[PDB]
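Start from chain E and add chains D and G according to the hints.
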Amino acid sequence: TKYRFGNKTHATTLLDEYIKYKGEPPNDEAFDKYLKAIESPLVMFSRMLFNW
Amino acid sequence: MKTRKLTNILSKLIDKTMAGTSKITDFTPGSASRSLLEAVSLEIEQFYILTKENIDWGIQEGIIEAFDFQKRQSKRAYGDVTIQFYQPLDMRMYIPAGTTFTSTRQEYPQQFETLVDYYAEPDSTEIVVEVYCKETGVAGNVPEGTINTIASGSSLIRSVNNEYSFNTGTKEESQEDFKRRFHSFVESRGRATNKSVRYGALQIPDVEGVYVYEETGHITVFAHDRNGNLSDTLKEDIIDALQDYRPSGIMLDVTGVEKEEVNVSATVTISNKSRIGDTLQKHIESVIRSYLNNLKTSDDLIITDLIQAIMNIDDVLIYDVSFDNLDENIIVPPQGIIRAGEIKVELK
Amino acid sequence: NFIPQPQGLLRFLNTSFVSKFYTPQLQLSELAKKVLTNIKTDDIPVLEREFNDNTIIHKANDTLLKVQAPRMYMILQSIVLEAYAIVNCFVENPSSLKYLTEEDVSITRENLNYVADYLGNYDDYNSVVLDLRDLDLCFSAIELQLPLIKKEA
Numbered sequence: 473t474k475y476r477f478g479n480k481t482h483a484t485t486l487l488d489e490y491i492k493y494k495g496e497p498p499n500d501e502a503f504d505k506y507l508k509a510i511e527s528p529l530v531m532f533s534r535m536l537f538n539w
Numbered sequence: 001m002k003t004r005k006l007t008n009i010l011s012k013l014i015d016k017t018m019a020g021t022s023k024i025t026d027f028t029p030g031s032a033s034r035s036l037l038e039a040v041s042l043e044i045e046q047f048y049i050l051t052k053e054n055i056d057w058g059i060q061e062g063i064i065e066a067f068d069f070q071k072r073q074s075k076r077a078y079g080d081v082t083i084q085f086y087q088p089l090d091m092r093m094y095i096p097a098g099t100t101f102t103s104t105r106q107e108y109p110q111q112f113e114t115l116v117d118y119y120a121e122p123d124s125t126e127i128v129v130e131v132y133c134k135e136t137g138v139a140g141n142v143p144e145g146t147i148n149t150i151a152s153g154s155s156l157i158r159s160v161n162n163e164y165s166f167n168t169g170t171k172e173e174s175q176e177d178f179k180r181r182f183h184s185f186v187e188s189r190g191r192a193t194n195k196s197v198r199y200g201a202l203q204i205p206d207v208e209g210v211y212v213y214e215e216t217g218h219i220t221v222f223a224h225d226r227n228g229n230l231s232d233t234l235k236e237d238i239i240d241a242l243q244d245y246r247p248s249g250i251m252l253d254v255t256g257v258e259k260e261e262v263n264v265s266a267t268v269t270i271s272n273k274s275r276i277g278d279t280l281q282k283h284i285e286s287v288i289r290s291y292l293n294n295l296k297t298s299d300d301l302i303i304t305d306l307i308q309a310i311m312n313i314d315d316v317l318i319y320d321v322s323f324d325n326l327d328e329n330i331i332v333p334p335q336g337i338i339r340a341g342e343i344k345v346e347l348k
Numbered sequence: 003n004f005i006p007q008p009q010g011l012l013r014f015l016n017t035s036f037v038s039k040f041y042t043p044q045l046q047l048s049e050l051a052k053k054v055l056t057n058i059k060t061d062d063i064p065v066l067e068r069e070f071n072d073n074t075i076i077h078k079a080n081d082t083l084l085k086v087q088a089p090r091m092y093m094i095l096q097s098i099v100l101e102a103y104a105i106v107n108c109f110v111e112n113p114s115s116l117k118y119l120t121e122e123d124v125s126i127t128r129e130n131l132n133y134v135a136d137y138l139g140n141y142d143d144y145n146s147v148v149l150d151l152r153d154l155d156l157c158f159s160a161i162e163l164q165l166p167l168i169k170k171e172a
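These protein sequence lines map, in sequence, to chains E, D and G.
Heads up: the first sequence runs through residues 473 to 511, 527 to 539, numbered per the entry's author numbering.
The letter at position 111 of the second sequence is residue 111 when you use the entry's author numbering, and the numbering goes up by one with no holes.
Heads up: the third sequence runs through residues 3 to 17, 35 to 172, numbered per the entry's author numbering.
Chain E with its partners taken away, still in its complex shape:
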């Protein structure tokens, strides 16, 4: 809510990785991730029928 960009599933994904790595994951991508992730049968029959 408070900031420019909000998403549940994206933010969840970060939290699940954060929790698993005990709050210090092996790559800073874990903190990038939320920032870079947030910002015929009827036709065919009618066609062939026209063609014939």
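Bear in mind the hints are in silico, worked out from the structure with no lab data behind them.
All the given hints hold, so there is nothing to weed out.
No more than 30 Å apart at the CA atoms, straight line, and that leaves these computed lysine-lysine pairs for DSS-like:
#, chain 1, residue 1, chain 2, residue 2
1, D, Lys16, G, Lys39
2, G, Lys53, D, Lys273
3, D, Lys348, G, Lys59
4, D, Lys296, D, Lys282
5, E, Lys474, D, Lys259
6, E, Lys508, D, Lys195
7, D, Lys134, D, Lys296
8, D, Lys23, G, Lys39
9, E, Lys508, D, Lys296
10, D, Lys75, D, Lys171
11, E, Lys505, D, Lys296
12, D, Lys2, G, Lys85
13, E, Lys492, D, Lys235
14, D, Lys195, D, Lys296
15, E, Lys480, D, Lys259
16, D, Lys12, D, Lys23
17, G, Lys39, D, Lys52
18, D, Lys179, D, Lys2
19, G, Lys78, D, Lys2
20, E, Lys505, D, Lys259
21, G, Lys85, D, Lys171
22, E, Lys480, D, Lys235
23, D, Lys235, E, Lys508
24, G, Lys78, D, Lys52
25, D, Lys179, D, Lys134
26, D, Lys52, G, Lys85
Relative to the frame of chain E, chains D and G by itself:
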């Protein structure tokens, strides 16, 4: 060869006829010989003009054939369309794929069609789905409130309207842009240089307006797509492409681009007092916002090009344009791109 | 009952060297006068698209004849008005073909030949001449046929 006009050929024919042991003949106007001479001269003129046009076409076609450098095809127009129902849906509804959106005005009889499934959940009074213009041309760039028709639509639908003009369709690639990209390719034949990296980054059709910043032993390329984003797959594809073109034994790295938002708050003076209306305001807002997008990295917010672009719509109708705070060009850093921005029109 | 006009054409139509064979006189026809007033006063319908990339579209406005030779640019406008006037009556509202006469088209061709000869010096802008020579023989067929049409109708 050199172009010969009618009058010169006619004078030369007259002089050959006079010198050719013929004193009886005269070239007054109304004569049959003068008319035949003029006709022949005009035929030779036509032949020379068509020869020059064929030489130009030949040069273009040989340059196309030479090498493996060719222009790319046109992009289909696309945009958002807004559905208004009489009442919020009581149950979930499914929209059949390939639903056709069209208009009733005779100026824009171009069709549209959806590519993916969509679902109208209950207790929702409106739904927005994306649409792609089936015809490949600039006719898809319809003004606001044009697409007012839906095929296979239920009775629930009350109104169909697009909130914003597309302004995304394009024709075949411009001769000047092709010429410039071909210059880039020619200068990029010598590898291991700024221009070589530039062409190796620009040759991907998705990426648009890249920039290079050369720190000691340390290249960086600031690449973004037409939306201003850089997905990981496309980033890796750019890196792999540049690997062939990258100077050996020197670091390369990429990190997208950081957007910046400025509010122009533009004001425009309109000659015709009758033509002023909300529709024109919305069209000016959409034109300005579109100008703000599709802009490359590391270029100042030049206002002269902005005003020339918005005056391009109508030289006579639009009189003058002025600004309140952004009268001085805003210098953008290497990792800055001016794409966002809220536009308020203040007509005098 | 008038077909809407392109924005290009509508903007175009609303406003030393000398050749030895043909010369101009800057004379306008009565029929061309009446149309000019109609467009000046009444707000004729106009189109919004510009698909047709021919005629004055990027040819008459693209050339530097507009800035270099404005007098020559006044001949081209007169020919367009005289070309647009004759096309007006025959397609629709034939009541205005009473004011046209032989001398109206005679002077137009002479003006055509002079501007056409002057454009022959320029090697870039031969594209404009390409259409003018085709149009030149179009006026001559009206010139040798207009007196018979009025008596027939």
